[PDB]
Each structure stands twice: as structure tokens, then as C-alpha cells.
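Below: one structure, written as C-alpha cells.
Take a look at subunit A:
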Amino acid sequence: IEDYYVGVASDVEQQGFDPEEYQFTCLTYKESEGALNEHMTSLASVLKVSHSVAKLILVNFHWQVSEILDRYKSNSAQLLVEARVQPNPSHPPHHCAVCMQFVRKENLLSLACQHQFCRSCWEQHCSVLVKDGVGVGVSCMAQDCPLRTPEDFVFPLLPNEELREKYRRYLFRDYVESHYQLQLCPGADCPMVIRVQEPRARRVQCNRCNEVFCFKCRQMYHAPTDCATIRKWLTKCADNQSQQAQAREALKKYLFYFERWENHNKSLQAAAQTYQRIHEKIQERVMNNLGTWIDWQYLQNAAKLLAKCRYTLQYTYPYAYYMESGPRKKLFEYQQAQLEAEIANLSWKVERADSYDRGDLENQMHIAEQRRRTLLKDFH
Partner candidate 1 sequence: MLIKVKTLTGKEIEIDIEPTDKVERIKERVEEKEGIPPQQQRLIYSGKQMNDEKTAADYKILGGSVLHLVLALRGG
Partner candidate 2 sequence: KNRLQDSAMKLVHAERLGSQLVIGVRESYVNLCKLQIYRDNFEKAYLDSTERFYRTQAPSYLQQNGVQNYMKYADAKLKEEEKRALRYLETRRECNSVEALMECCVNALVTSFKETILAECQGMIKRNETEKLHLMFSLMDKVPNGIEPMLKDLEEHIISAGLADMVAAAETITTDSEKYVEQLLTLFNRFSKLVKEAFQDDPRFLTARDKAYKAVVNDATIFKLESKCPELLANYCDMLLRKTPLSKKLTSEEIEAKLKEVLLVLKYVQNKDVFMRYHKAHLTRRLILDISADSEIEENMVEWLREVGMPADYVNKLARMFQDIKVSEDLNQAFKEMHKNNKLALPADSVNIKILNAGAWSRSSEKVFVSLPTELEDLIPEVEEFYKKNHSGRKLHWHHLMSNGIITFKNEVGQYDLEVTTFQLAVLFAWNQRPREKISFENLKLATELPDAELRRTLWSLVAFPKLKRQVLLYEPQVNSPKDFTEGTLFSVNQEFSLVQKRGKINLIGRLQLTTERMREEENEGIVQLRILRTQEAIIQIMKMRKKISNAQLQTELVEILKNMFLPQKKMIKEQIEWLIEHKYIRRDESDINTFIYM
């Protein structure tokens, strides 16, 4: 009766889901800078190159070390040309071409393109660019020249500390943007960065300001669609027979989806009142001597499940509107209608109901979750 239950923890595990699963590592403002510095040091050591050129290489190739190494081994000459480090392969002037004034040799700086200009013009150009919010976009003055000024060249041309600090901020922003694993928080002055192994379009939540957004595009979480369809759908929502009859039919078809989109949008937007009403309907049940606080707890789970299922439905309608008419679209719409009906049933059983039975409500929860998973499974 005691040696019986020794190895039960493993035998019971006959078989072990979450189609939208994702592992986002949360990093602060300084941890991201440390990671960038570590990557830059590793690349500079490997390629035996300076820090600024290594940063240029990383920016031009989205900080993908393996591809950088492969392209360096294949051909180093074109790697620096594409990264705008050296000019394409295919005696002092003592006269600036943009200010037409003769200057000393020491004040005549130039990049690898050997486009020589006086120091004052360099300072003016770098100052105006950094004032205009330009980060890694600083380039040579000469027209058609794609070469870019490295970090060790821009900094000496910045007179005061505030311009240097703004340059550093813009460089950090551009580095986070170009990195294929780091994305800035789209919040209001949220100083946070999200890091992940591989880039995808899934759900991320900044634990500091509790904002949910799509990873690949810093927009609202469009679950079943892609980052291109939702953009044009939101753009549109803002502003045999004859062609006019076709236009009328198209308007009718557009309305057939827009009405459901708006319905679910408003229903989701009005959820705080539902939560408060359920809290009050639980308080009224618990103050009277029937049950306790632990018995009436599943109604909050019900409210959360309805909110999640409505959010899932709201974004399947733009998906079904931009689909090729075939055997697949009809089945998708049939499943969508089934899920709509079951959400209506559960919402009636939770909100506008008097006597709550836990078995029936749990069955409804399970059915609704299964239908939501079925709707989301095919694409992702």
C-alpha cells in the first residue's frame, strides 16, 4: 500500500496544443545595448575589422551573423560594397565642392570614396542630419554616392553632447529596427525591447505596460490574417451584367462582412461593463447565505473565454473576404457560422441567465474553445 504508488508519475503520462504559442524574452533598455555590443565585438573579432564597419555590416545584413560569414567567405569585396563601406571598383583638391572655398589639407576629410570636403561642411551636414532624426542614414555629400559615414567619423564632427546623445539614440533605434530579433515597444514612451529567437507574426505582450501587438508589424494582433491583408482592410474601412450592377453587388458583399466586423468590434470594446456586471452578480450571490466565494469563481473564466473567442472571430472576417472562391472558402464560412452560433449560446447562458449549472456551463466552455481552436488551426 506504500510501495504501490512509487513510479506512478511516469506511467500515467500516456500522452502529453496552443496553436498561437510563442516564447518572447523580455529585455530592458540596457540589456539590448549590451547584446548589440557583444554581437559587434564578436563580428569585429571574427572579421578583423573595426567597430564602425562591423556595425555597418550588421545593419546592412539585419544582424544575421551566419549569412555575413557565408558572404564574406564567398566574396569579401562585394560584401563591403553592398554594406556601403567601400566604393564599387567599376592630388589633394584643397577646394570644397559644396562651399567653393579653399581650405587646409587637414580639414579636408573624406570617406573610402575619396570625395573630399572641408571640415565645416562635414559638421554642418552631420548636424542637420542628426537634427532631422537621421540615424544610420548619414551618407556622403557627393550625389549618387552610396557610401555611409561610419560611427567613428560622425562623432568627432558633433560639437556638443546633446547632438552626440541624439545621435546615439537614433543609432540605437536604427539598430533595434534593423535587428531581426529585436523590436521596440509601440507604447507611449515605453523604454522596452522584446527579444526572440526567430522573427514571426505572433502575439507579444510587454510586461511593463501590458500592450499586446503583432511582432513582425507593430500593430494590433491580427490572428488568422497576415500583415498585408489587415493593412488594406483597415485602409478601406476609413474612406454578364453592367459594371454598375457589379459595383452594387460588391458593395453588398463588403457590407455583409463589415457589419459583423463592427458588431464584434463594439462587443469587444464594451467588455469592462460586462466584467463589472458579472462581479456584481457574484457579490449578490455570495452575500446571501448560499455558496461561498470559491463556488462562483468560474463566471470570470466564462467572461474571459467569451472575450477571447470574440477577439478570434473579429479578425477572421477580413481573412474570409480576401479569399479565392473554391471548396475551401465554403467550409471556412460554415465553421465560422457554427462558432458564431455557439458563442451566442454561451453568452445567453452566462449573461442573461438566472440559474447557473456548472456541468452545462463547462460543456459550453469546452465546445467554444474547441471551435475557436478549429477555426485558428488551419492557417497557423
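Candidates were picked such that all candidates are chains of the complex that A comes from, given by their letters.
Basically, contacts are C-beta pairs under 8 Å (C-beta built on N, C-alpha and C of every residue); 3 or more make two chains touch, one makes a residue touch a chain; residues count from 1.
One candidate among 1 or 2 touches subunit A in this complex; it is 2, while the rest do not. Remark: subunit A residues 1, 3-5, 7-15, 286-287, 289, 292-295, 298, 358-359, 362-363, 365-366 touch candidate 2 in the complex.
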